[PDB]
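Given next, in structure tokens, is a single chain: the form deposited without adenosine-5'-diphosphate (ADP).
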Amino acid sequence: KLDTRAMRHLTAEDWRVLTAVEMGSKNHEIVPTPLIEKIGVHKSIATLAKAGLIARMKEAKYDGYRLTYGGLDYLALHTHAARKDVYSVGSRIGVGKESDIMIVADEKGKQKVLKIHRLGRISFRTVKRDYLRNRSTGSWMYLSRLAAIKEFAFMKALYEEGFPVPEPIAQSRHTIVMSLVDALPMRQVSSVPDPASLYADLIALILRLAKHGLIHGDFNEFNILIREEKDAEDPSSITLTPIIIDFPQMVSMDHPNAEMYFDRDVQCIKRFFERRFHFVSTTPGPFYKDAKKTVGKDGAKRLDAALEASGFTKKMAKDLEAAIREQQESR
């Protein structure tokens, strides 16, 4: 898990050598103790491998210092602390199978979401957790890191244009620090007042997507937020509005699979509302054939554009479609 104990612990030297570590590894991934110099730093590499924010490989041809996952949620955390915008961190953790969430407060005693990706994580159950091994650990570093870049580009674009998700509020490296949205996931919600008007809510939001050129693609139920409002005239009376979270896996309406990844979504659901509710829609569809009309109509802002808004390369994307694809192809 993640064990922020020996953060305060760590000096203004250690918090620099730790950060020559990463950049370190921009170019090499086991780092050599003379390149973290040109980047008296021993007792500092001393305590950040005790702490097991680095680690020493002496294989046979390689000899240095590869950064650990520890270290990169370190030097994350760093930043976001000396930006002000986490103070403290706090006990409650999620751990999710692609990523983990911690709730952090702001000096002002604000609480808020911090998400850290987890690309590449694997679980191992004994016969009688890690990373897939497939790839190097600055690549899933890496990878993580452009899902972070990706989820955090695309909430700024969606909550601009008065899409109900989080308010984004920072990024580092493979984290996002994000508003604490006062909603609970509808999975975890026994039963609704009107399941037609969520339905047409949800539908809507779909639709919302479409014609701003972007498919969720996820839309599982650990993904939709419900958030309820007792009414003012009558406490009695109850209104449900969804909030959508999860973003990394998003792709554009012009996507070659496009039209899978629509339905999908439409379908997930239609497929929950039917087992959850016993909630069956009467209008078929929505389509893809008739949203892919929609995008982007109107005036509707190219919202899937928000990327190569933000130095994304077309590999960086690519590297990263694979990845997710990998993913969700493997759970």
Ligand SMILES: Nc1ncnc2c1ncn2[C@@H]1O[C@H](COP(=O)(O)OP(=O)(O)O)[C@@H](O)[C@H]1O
Second form
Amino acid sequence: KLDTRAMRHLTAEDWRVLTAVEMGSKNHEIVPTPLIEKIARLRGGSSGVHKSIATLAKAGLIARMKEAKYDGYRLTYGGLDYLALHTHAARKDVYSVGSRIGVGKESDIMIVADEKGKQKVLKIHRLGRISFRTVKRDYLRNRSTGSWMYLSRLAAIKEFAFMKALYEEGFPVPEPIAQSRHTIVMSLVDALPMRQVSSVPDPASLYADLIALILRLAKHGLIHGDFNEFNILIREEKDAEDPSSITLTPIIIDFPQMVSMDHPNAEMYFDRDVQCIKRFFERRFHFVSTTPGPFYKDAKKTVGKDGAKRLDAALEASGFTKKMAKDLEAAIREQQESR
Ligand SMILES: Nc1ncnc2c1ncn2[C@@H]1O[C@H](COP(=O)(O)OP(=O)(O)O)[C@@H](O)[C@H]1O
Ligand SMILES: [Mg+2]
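Any chance you could show the form solved in complex with adenosine-5'-diphosphate (ADP) after that form deposited without adenosine-5'-diphosphate (ADP)?
Now the complete complex, all chains and molecules, led by this one.
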């Protein structure tokens, strides 16, 4: 997990040296000691960066690496986390971090609060993470640390861009607030995952709403790619006239895996989303639509007909190379393929 205890022990040039290790690892993974010194130069003028280095090493924000010629330090995952938080703090998006952290298979979910005391969600992407069970909590070593960090950066950038596009089009998604490195700060939605919804008296309405969402997404050029009972939140509201009836409003989250309706495998991704919904509705509410499909060939005819803005171009905006997209999709497909 992630502990933010040390976060306040850190001085101004502890941050500067940490940041210097980050910048110097742009090219190579190990950053030689005298290159930290040069990058960290304030005026400058180190002048006691050597001490900061030990502080950061002790706190596990960087780690010493001795190699044939390259003798220096690398940033750790904790170090990147800290750098992200610092950026959110400095831009005043995050004032405090909650005691409650949700450790997931591909991301960590934290609750944070700003200076006004408003609670928001901090999502930290964790591509590469694997856990080991003893036969009688780690990262998969087919990639270096810098590669996993790079991929999680791409994941956060992608998700944030899609959350912006979707939010501005009027889709029910969290409000995106800020993005730094592998992290996103977004609004806290007052809804819980559909997986745990305790009672649905009218499955057919909710089903129709979810199906309309998949079709609405497709009309805007998108396929969610992980559309299931964990990525659908249900807002519950008691009706004004009688409180016995509860109106249910679905909200969608979790977008680093979204694909365009033009993706070579779009039909498989479309069909898979729909089948996930049907499966869930069959096992959880014993509900089965009499309505066939919807089928991909139907959906594709609808993009982007009428006013439909193509949201699958939000990625072009950032500086997302085709290489970055292939890198990310490969890492993602690998994650979900081995669940
Ligand atoms: N904005 C939010 N508001 C409320 N709950 C959220 C929000 N984002 C995530 N969650 C909770 O965290 C869980 C995981 O979030 P998600 O974005 O799906 O992360 P992961 O990529 O690890 O699946 C969700 O199922 C939900 O319980
Ligand atoms: Mg999810």
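Numbering follows the first chain given and starts at 1. Between two forms, the rigid core is the largest collection of C-alphas that superpose within 1.5 Å.
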property	result
Threshold 2 Å Cα movement between the two forms for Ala60, core superposed	yes
